[PDB]
Amino acid sequence: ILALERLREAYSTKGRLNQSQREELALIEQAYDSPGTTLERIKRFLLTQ
Amino acid sequence: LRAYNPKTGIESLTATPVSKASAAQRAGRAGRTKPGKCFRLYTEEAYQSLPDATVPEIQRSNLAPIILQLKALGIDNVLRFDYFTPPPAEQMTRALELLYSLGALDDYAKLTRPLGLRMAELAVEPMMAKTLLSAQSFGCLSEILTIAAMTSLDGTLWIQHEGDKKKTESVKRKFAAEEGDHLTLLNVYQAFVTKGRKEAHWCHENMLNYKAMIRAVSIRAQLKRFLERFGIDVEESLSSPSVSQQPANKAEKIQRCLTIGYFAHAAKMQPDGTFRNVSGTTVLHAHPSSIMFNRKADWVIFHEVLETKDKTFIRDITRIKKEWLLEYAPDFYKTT
Amino acid sequence: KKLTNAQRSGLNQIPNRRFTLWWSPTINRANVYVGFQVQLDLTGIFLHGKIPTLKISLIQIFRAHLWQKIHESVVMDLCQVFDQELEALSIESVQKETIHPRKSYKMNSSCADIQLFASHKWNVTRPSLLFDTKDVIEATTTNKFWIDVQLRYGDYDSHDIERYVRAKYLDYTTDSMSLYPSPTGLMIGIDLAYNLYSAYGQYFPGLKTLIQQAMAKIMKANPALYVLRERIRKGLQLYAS
Amino acid sequence: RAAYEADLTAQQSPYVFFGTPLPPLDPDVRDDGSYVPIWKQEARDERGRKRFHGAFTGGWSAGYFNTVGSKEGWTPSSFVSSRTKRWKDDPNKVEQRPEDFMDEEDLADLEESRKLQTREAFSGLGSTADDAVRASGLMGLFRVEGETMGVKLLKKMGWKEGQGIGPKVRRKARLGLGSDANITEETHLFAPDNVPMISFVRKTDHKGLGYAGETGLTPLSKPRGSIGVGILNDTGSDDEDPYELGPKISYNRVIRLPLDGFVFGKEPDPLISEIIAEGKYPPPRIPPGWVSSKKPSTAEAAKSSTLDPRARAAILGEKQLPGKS
Amino acid sequence: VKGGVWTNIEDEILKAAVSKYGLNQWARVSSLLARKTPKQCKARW
RNA sequence: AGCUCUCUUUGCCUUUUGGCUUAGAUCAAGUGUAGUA
RNA sequence: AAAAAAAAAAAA
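Chains S, F, H, X and D are the protein sequences, given in the same order.
Counting from 1, position 8 in the first sequence corresponds to residue 974 in PDB author numbering; the numbering is continuous, with no gaps.
Counting from 1, position 106 in the second sequence corresponds to residue 442 in PDB author numbering; the numbering is continuous, with no gaps.
Counting from 1, position 123 in the third sequence corresponds to residue 1765 in PDB author numbering; the numbering is continuous, with no gaps.
Numbered per PDB author numbering, the fourth sequence spans residues 7 to 228, 266 to 298, 343 to 383, 395 to 423.
Counting from 1, position 45 in the fifth sequence corresponds to residue 48 in PDB author numbering; the numbering is continuous, with no gaps.
Bear in mind the hints are in silico, worked out from the structure with no lab data behind them.
It cannot be assumed that every hint is accurate.
Unchecked claim - Which residues of chain X face chain H? A few of them, derived with a C-beta cut under 10 Å, are:
1. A68
2. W80
3. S88
4. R267
5. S379
Claimed, not checked - Simulated crosslink set (EDC-like; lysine to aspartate or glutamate; CA at most 16 Å straight-line):
6. X:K228 <-> X:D284
7. X:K353 <-> F:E380
8. H:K1643 <-> F:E380
9. X:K94 <-> H:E1734
10. H:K1850 <-> H:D1799
11. X:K121 <-> F:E663
To be verified - Computed far set for chain X versus chain H, every beta-carbon distance over 12 Å:
12. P27
13. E48
14. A61
15. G64
16. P97
17. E105
18. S142
19. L181
20. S205
21. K213
22. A218
23. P225
24. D347
25. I363
26. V378
Positions of the beta carbon are idealized from the N, C-alpha and C atoms, including for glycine.
Just need the whole structure built from these sequences, with the hints factored in.
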């Protein structure tokens, strides 16, 4: 929640987003909707990537 | 399952969990020829809180044709009627509101001087049965009689060809009318009957069905007979070559009669592409079979509204005017 | 939407135009250090210097001869007031004078646009303001009256319509360019930018209170002032509740 | 080039005898009727050129070419009256409406502000506005439904809200005295109760029955008005409030082996079990001696069917609703 | 959807657009494609 | 040996990318359905 | 010991 909140402070300002900002907002909303899959993805990224 | 909402007034085709009896029938449909197996995809405790039987069909349907039929039989005391399971107390209030708006009923909850009797015996949705009654006083009758043949029709005219995408649009554009989707159905009926010589292979290149639409031809004949028993003479000017009447006034006459009838199913298109009701509360979208899927309009009428999984679609989009609504629905709609 | 650069710049420019229209009495202020005073065409608005934002805002507010239409509406509604009040004031016949369609925005001189004919000699008083109470009736008698209407768009340093009507009566009667027929009359003044109203001139008995009631009624219920106020309200986007 | 689009429309859409045919699908001819999102639309005037004309609608001009006049000019209509021809009693009273002093833009905005809504006696599609009234407590106990007239016409013929429909139910009572069966049970005729409606939960997922699913996380909390900063300089709404920092802080006041993944049912389904079972109804006795007594158009009748519902229900034994008396 | 697995058709259109446009112009190359960003086309190359 | 025909090879450039700057600067997108006949 | 046009609104 804290990580996504500090990621929103850049781009939760409504209006005039480029494609990467909209992709970031979609990813943050997807992480808000399904936290467990996001956490498993993050831990897999820390182990492997 | 389909469930007509009583407060809003839209259908809802939603994925209801199956009943105990329906699941029992589904299980028992397996072992017919040899002993089979059943593979219900839920837990055993999930088959413990399911409904024992399905929801009554009289509790999740539009009661306005039913109240219409009951008053056609003469039983006007629909409150005191021996129902098998009684419908819930405010769905038929919406039905009676719909029947009063569609002529038919007076202020005293009675079927009127044969106006109500003429909507009583017709096997059409009462909305455009009201239109067909309020057609003869305003000229054109046979054209929306044809549209009445096309509307009372479940399985669609066009054969769904997934292999053709631009070709399906082009053959839908072969009979296309900018002034709504009903005139396209009128055009394809006139193409089949007058010049097509009742030929099926011509419909086979035109990506159209044959059985349901010749059934619609029989339906148009039956409704012509029904209005022959109404005492109004039939004005079949389609066979005559009298095209001296201008067709623009004829087209706006047809859609003017339609919004005389379909004033309840009125919507306005919004800039974001979606439609919205007159109350401006619920989001409506164009059905991806109508002619106005990509076309821009301001005010529209639709034949029927249905709720899919998430989007609420409306079918048979036809262009109208706002002052038509303020003129032909003076007791239903009022300006600010 | 896909907008061109000029359309984008005008769209960005709109809030500045609303701000300038809101603060226009102190922006189009009469007491300036320098600035060539120019009358806006077909209106009575004097602009000091060139402020294009204020000019385009005031053109939008006053579209399609609205200054002339306000003048015409005021003189016609005073005409219906005098028409419904012939009997109490012994008015013989009332008509409004029309040769110049330029009188509304003519600040150099003026004409008479309402005339009253007297069946008997009226003992008019001294020229006095519309709310004066120390009326002094003199021995001079008259047999004809005129009513003149003066529109004005004031500003922050000049919106005293009392001094405006008094000085314009003292200036517009002794001047020979003005063509007032009768020697006795009354001039009303309407400040549009502040919705003020006054008058200066003689009074036969029963005119002052009638003019008071008619002036209150026309300030609260003018159709042309209603159009002006609605255009101003849309320009500001300042709504009520 | 009008002939090319004309006979191209004739070739592409030959059978359009009702309505207006669509413009042809070609790269040369644009599609005016097609809806092209909003982020693809261009701002055009009545004449099709890309410009604005108002001061408050983003134009660099206003009025009649930066002038408050008109091409036709202005002419003051006259007014004469007297004791003989008085203005007040003339038949042709041309009234001073607030539309002689307006313009076509003013009338367009006036009809723009004039919206459309349904009447009070009729309910519309999708009307959901009574929840705020009802979910208020003592405020909603006084505000009752404003008598949509279908409820009124049901009220006239013998219905009161709070109860369902059907034939009248002959149950005695409940008095709140527990479940005492010692009442005389003389069974007044009550009214049928209201069975509730159904409201199916929206189902877009493929998640099965009895599956709770993953729960979500909530975001970590969150002279009126002012002259705007512009619809394009609103950027990310950089301005919220100068006088204090951050959002509004909300405060507390305290401080056979089956298939894989499939289990065997511990009990069989009863409903399929009575299919092969003998059931709970013994067949009729059928003694010897009984004998069968019976030894081994619609359209034309409907045309001659003069039985109106006033006389159709007379032979059906039904009581007609009371009318205008 | 912006992204996804890369197909052979997308790969060949990427190679053709690189042929016609070069390596310092990725926005045009992504504009030939439909589901890939300029950065995704550059990463695939 | 020379002259002509066809072909090959060599030479051939035969029209064989007018400049500059912050790669001048930027640049996702409508929709898309169908218990029951 | 007391300071007030242009870009920029486009070739029968």
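These are the hints, each one checked on the structure:
{"no.": "1", "hint": "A68", "in the structure": "holds (4 Å)"}
{"no.": "2", "hint": "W80", "in the structure": "holds (4 Å)"}
{"no.": "3", "hint": "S88", "in the structure": "holds (4 Å)"}
{"no.": "4", "hint": "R267", "in the structure": "holds (8 Å)"}
{"no.": "5", "hint": "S379", "in the structure": "violated (84 Å)"}
{"no.": "6", "hint": "X:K228 <-> X:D284", "in the structure": "holds (14 Å)"}
{"no.": "7", "hint": "X:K353 <-> F:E380", "in the structure": "holds (9 Å)"}
{"no.": "8", "hint": "H:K1643 <-> F:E380", "in the structure": "violated (56 Å)"}
{"no.": "9", "hint": "X:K94 <-> H:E1734", "in the structure": "holds (15 Å)"}
{"no.": "10", "hint": "H:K1850 <-> H:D1799", "in the structure": "violated (29 Å)"}
{"no.": "11", "hint": "X:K121 <-> F:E663", "in the structure": "holds (15 Å)"}
{"no.": "12", "hint": "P27", "in the structure": "holds (29 Å)"}
{"no.": "13", "hint": "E48", "in the structure": "violated (5 Å)"}
{"no.": "14", "hint": "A61", "in the structure": "violated (4 Å)"}
{"no.": "15", "hint": "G64", "in the structure": "violated (4 Å)"}
{"no.": "16", "hint": "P97", "in the structure": "holds (15 Å)"}
{"no.": "17", "hint": "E105", "in the structure": "violated (8 Å)"}
{"no.": "18", "hint": "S142", "in the structure": "holds (22 Å)"}
{"no.": "19", "hint": "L181", "in the structure": "holds (52 Å)"}
{"no.": "20", "hint": "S205", "in the structure": "holds (37 Å)"}
{"no.": "21", "hint": "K213", "in the structure": "holds (40 Å)"}
{"no.": "22", "hint": "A218", "in the structure": "holds (45 Å)"}
{"no.": "23", "hint": "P225", "in the structure": "holds (31 Å)"}
{"no.": "24", "hint": "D347", "in the structure": "holds (57 Å)"}
{"no.": "25", "hint": "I363", "in the structure": "holds (71 Å)"}
{"no.": "26", "hint": "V378", "in the structure": "holds (89 Å)"}
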